[PDB]
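Each chain, letter by letter, is given below.
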Amino acid sequence: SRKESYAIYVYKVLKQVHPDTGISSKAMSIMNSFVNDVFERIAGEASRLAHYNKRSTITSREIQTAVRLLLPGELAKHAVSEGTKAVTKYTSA
Amino acid sequence: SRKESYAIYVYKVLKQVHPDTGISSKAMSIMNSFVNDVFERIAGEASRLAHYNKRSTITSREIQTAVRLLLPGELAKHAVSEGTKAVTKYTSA
Amino acid sequence: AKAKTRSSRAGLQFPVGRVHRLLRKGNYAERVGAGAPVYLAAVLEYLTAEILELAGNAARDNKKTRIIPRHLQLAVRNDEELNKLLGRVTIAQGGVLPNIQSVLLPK
Amino acid sequence: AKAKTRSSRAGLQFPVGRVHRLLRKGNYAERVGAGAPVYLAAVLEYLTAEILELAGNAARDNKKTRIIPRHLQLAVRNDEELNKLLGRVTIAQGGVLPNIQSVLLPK
Amino acid sequence: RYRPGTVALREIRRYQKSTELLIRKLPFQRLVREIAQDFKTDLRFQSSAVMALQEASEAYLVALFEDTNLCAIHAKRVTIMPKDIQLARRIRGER
Amino acid sequence: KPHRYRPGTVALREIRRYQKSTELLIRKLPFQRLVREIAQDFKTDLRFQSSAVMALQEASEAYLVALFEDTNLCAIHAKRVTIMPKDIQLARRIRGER
Amino acid sequence: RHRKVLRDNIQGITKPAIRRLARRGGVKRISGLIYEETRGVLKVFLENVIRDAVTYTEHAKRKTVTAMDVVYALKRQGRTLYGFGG
Amino acid sequence: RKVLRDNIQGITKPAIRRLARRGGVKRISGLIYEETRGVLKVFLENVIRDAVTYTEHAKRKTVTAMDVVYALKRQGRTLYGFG
Amino acid sequence: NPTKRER
DNA sequence: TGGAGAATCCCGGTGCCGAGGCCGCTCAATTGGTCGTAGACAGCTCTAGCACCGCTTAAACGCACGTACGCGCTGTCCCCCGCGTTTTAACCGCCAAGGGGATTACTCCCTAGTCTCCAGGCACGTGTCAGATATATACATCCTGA
DNA sequence: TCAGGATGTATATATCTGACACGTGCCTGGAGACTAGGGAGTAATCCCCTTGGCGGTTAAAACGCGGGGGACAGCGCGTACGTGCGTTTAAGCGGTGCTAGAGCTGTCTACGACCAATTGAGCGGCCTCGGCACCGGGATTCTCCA
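So the sequence lines, in the order shown, correspond to chains S, X, Z, E, D, H, A, F and G. Count along the first sequence from 1, add 32, and you get the number used in UniProt numbering. Count along the second sequence from 1, add 32, and you get the number used in UniProt numbering. Count along the third sequence from 1, add 12, and you get the number used in UniProt numbering. Count along the fourth sequence from 1, add 12, and you get the number used in UniProt numbering. Count along the fifth sequence from 1, add 40, and you get the number used in UniProt numbering. Count along the sixth sequence from 1, add 37, and you get the number used in UniProt numbering. Count along the seventh sequence from 1, add 17, and you get the number used in UniProt numbering. Count along the eighth sequence from 1, add 19, and you get the number used in UniProt numbering. Count along the ninth sequence from 1, add 764, and you get the number used in UniProt numbering.
These are computed hints drawn from the structure, not numbers from a lab. Please note that the accuracy of each hint is not assured.
What the hints assert, rightly or not - Calculated Cβ distances over 12 Å to all of chain F for the following chain H residues:
#, residue
1, 39
2, 40
3, 41
4, 42
5, 80
To be verified - With a straight-line cut-off of 20 Å between C-alpha atoms, the simulated SDA-like cross-links for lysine to any residue are:
#, chain 1, residue 1, chain 2, residue 2
6, F, 92, E, 95
7, Z, 76, Z, 66
8, H, 116, F, 92
9, E, 37, S, 36
10, S, 58, E, 108
11, E, 37, E, 18
12, H, 123, F, 50
Beta carbons: idealized from backbone N, C-alpha and C, even for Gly.
Model the full assembly from the supplied sequences, consistent with the hints where possible.
Now the structure itself:
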C-alpha cells in the first residue's frame, strides 16, 4: 500500500541549496525521521500550550511559541522570521 | 469559581489505610500533583499506544500496557492485578 | 431510576465519572472505552494507598499524627521502586535522605 | 477554476495540505488554525535547508558529492545549536568525531 | 576548641535533618528580577512562583553538590574543587 | 634487532582508525544470539526482524561509546590513563543508572 | 514612574549560604574557588528556567509570572515540582 | 576436557577494546570487560523488555524494528534511520 | 503472587 | 639530531549496484458552498504586588590562629604488550518450510450524542487540640590528659 | 586504654495558638435511558520473511611466558581552609497606601467543520548508467634506536 514519506520535498530542498549533490538512502531515511521528530515535538508542544490556555484551536501564535521554546536562540529567531514571512505572503495571496 | 481537586478522595484513602492519621494542606497538594502527573503519564502512554496501532479507542488493554511500561516490576504487577480485579467485579454487576 | 455511582459498582474510591470526563476532554483519541476509566481509577487508587501507607508509617516513626512533606519524601526515597518511579521528581519541604560517606567519617 | 496548492501560495516546498491533515488527525486539539500549517511547514523547510547545506559542506570538504550519514553526524555535531537540539538523538552509521585528549597525546 | 572537621559533620547532620530553605529570600528575589529583566521589562512576580523557583534551585544545587562530592572522593580527596563541578556537569550532559 | 613499537603509539593509531571509521565493531551473529537468549526470558518463540537487530546493535554500540567516553574522562580526572571499573561505576552513578 | 534597574545581586548569594547547601549535600571541605563557579551555574540555571517562564507569560497575554508557568517550565525541562499546583 | 567455549563470552576482548578505542580510551584494564558485558546485558534487557511489551500489545509474534525504535524513544534514546 | 509487596 | 622501516595518502584503473529519471494510477488535496460556535473585544470588579518606613535581631564579615591535606617527588613492581604459529579451530551460498504479517470482506454492538433529573462535593464558616515555642534537665560524644 | 571537663543533643513538661477536622447550602456535574452509525472482531487468503551436511575456508578463537611504563605506597611541606570571636550589616515582620492587572461576563462576527464534486501530484513498479568501493603501485609521512 502507499507509504507516506518526505523524500521528494527533501530532495527538492537540497537541489535548491546544492544543485549537484545527491543523498544516500540511509541519510534520506535519517532526514525523514528528523522531519517527523521535529513535527511531533512542535505539535505536542503546541497542544500543551493550547491546553494550558483553555484553548481548542492551534493558531500561528501557539506554533510560534513552541518554536521559541524548542529551538535555541538564532535557530528560533530565523525560524520565526521565515514562518512569519511565509504566513504574511500566504495571507496576502 | 470552584477549584477541582482530589483532596477528599485522598483523605478517604488515608482513613482506609490509617484511621488515626492526619494530613497537611501542603502534603495534600503534593499528593494531588502526584496523582495528576501519574494520570497524565498513563493517558499519554495509552493515547500513543492506540495511535501506533491505528486505533481510535482507549480500552482496558491500552491502560494495562501503559501501566506495564511505566510502573517498574512489582508496582506494575500489583497495579495490573488490582485493575483486573476492579474491572472484572465492575463488569460482573 | 435510582442512581448509583460507578465507583461503588467497582468498589473504588477515585471517581470513575471524573476520570472518564478527563479522558474525553483530554484530546487523546476520538473514542474512549468504558472500562478504561475504571482501570485507571483502580491503578491510581492502588498507587495512592501504597504511597500513603509508607507516608503514615514514616509519620508514626517520628511521633507525628499529621503527614508532612518530609514524611512523603522519606517514604518515596526509602522505597526503591517508588524512587525509580519518581527519580526526576523533587518534593517541596522534603529535604534529602540522611547520607554521609564512610570516607568522611573519622578513624 | 483551476486548483492551486497552498504551498505555492506561500512559496513553500513542503506540503501545507499534508501537514494540515497530519495536524487534524494527530489528536492534538479540537480545531486547527489556517496559518499554523503554513508556519509549521516554513519552520520545517528552514530546518531541513540548514541541515542539508551543512551536510553538503561536510561532503564537499571530503571530496564527495553524495550525502552519507557520516556527513550528517559531522554537520550536526559541529554546530553547537544543532548539537544542543539533537543532543539526545543517535544517528545510525554516523560515527564519532575525531577527538583525542591532550593528556593522551605524546609528550 | 574542636578539631577541624567535627563541626563540619555536625552541620552536615543538622542540615540533612532539617528541611527549611537555606538561601535568603530577598537577594534571590532580586536576582530573579535581574535575570527576568533580560527578557521582558516591567515584569511582575507572584510570591508562589518565587518560592517554587527557590525550591527548584536549592534542589538542583544540592544534587550538584552531591555529585561534586562523589567526584572529589573518587579523586582520593575530601575537598571539592571547580574541576569536580565541571566534570559532574559534563557527565550530566549540561555542557 | 626486531622493530617493535613502544607501547602507546599503536593505541593512538587504533583510536584514530576507529574514530575515522563508522562500521560495526561487534560480531553480528553473537550479538543476535545474545538478543534472542535475553528475549527468551520474556516470551517463548519470538521472531526478530533483521532491521530490529541492526537497530539494537547500533543503539548498543552508541551507548557503549558514550559510556567509554565518560569513563575516559573520569580516568583522566583521576590522574590516570588506564580506565578502571570504578570509573564506569562513577559515570553510571552520575548519569543516573545507579 | 520609577524604572529601577537592579545589578550585582548575584553577590547576594552569600558564602555561608553556599556552605550550608554543600553541607546539606554532604560536602565536608570546601575550596575557596567553589563559590564563584556555583554562582555561575546557579545564574545559568535560573536564566534557562526564567526564559521559558517569561515565554509562557507572554504567550498567555499576562504581565504577571505565576507559579503555574514556573511549574510548566520545570516540567518541560524534566524537573517536575510537586506542591505548587498542576 | 570441555566446558571451555561459551556464548555470553561472545563479546570478546577485541570487540570491547575496539569500542573503547573508538571511545577514545588509550589503556584498558583487564577487569573492564566483565563490567562492560554486565552493563550491555542490563541495557539490552531493558530495551528488549520494552520492545516485547510493545509487540505483545500489537498481537504479534515477530519483533519489528518499529518496536525497537519506539522502545528507544520511550527510553529517551531516539534513533534515526529506521522509520 | 498478589499481596506480596517486597518493599 | 637522522635514515630504516612501517603506516598512510594519493593516482589511476576496473567493476558494481543503488540513486535518478520515466510511466501509470489512484485518492488525498483543492474548491465551493452552508452552518454552528470560540473567543475578540469591551466593560466591570476587586486582589495582591509594589513601594516605603520603622523596629528587632540573627547572620554575614573581617581577622587571628592552628594544623592537615593536596601536591610534588621517589622508589617497587606487575600484566597484559607481543609477536610467533595448534590441538582440531564464524561467514558464505544454498536450498527448503511454512507461518504469521498483511490484505479484503461482513457484520454487530459500543459508544458519542441528546435530553432529563438529582445529590456530592466545593466554598464558606466554626470549633479545638497537636505541634511550635520555651525552659529545664539528663545523656552521649569530643578533647585533652595520663 | 581509661577517665574527667566541656559541649551539644535528646527528653520531658506547659500553654498557646492557628491550621486542620467538621458541618452546611446548593448547583452543576454525575447518573439513566434511547438512538444510530461506524470501528473493531472474525473469517479466509497471499505470499514474504525467518531457520539446518556427504556432494565446505582458514582466520578469529584463544595457545608460550619472554617482557616497559604507569598504578600505587610512602614521605615531606607549607599553604589554605576550618574554627572562634567582636562588629556591622541587612534579613525578617508588620503596617499603610495604591493601583495595574488578574479574573469574570455579555455579545456576535468571522473562522473553522463538514459534505460533495473534481483532479492532478505523489507513490508503486521498472530501467540505466556513473560515482564510489576495491586494489595495486608508488610517493609521502610518522615512529624509533642512534
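Okay, the hints, checked on the actual structure:
1. 39: The claim stands: residue 39 of chain H keeps its Cβ more than 12 Å from every Cβ of chain F (closest is about 23 Å).
2. 40: holds, 22 Å
3. 41: holds, 18 Å
4. 42: At roughly 14 Å from the nearest Cβ of chain F, residue 42 of chain H sits farther out than 12 Å, so the non-interface label holds.
5. 80: violated, 6 Å
6. F:92 - E:95: Holds - the C-alpha atoms of residue 95 of chain E and residue 92 of chain F are around 18 Å apart, at most 20 Å.
7. Z:76 - Z:66: holds, 14 Å
8. H:116 - F:92: violated, 36 Å
9. E:37 - S:36: At roughly 14 Å apart (the allowed maximum being 20 Å), residue 36 of chain S and residue 37 of chain E satisfy the hint.
10. S:58 - E:108: Holds, because 17 Å separates the two Cα atoms, which is no more than 20 Å.
11. E:37 - E:18: Judged against 20 Å, a Cα distance of about 19 Å means the pair holds.
12. H:123 - F:50: Roughly 10 Å separates the two Cα atoms, so the pair holds.
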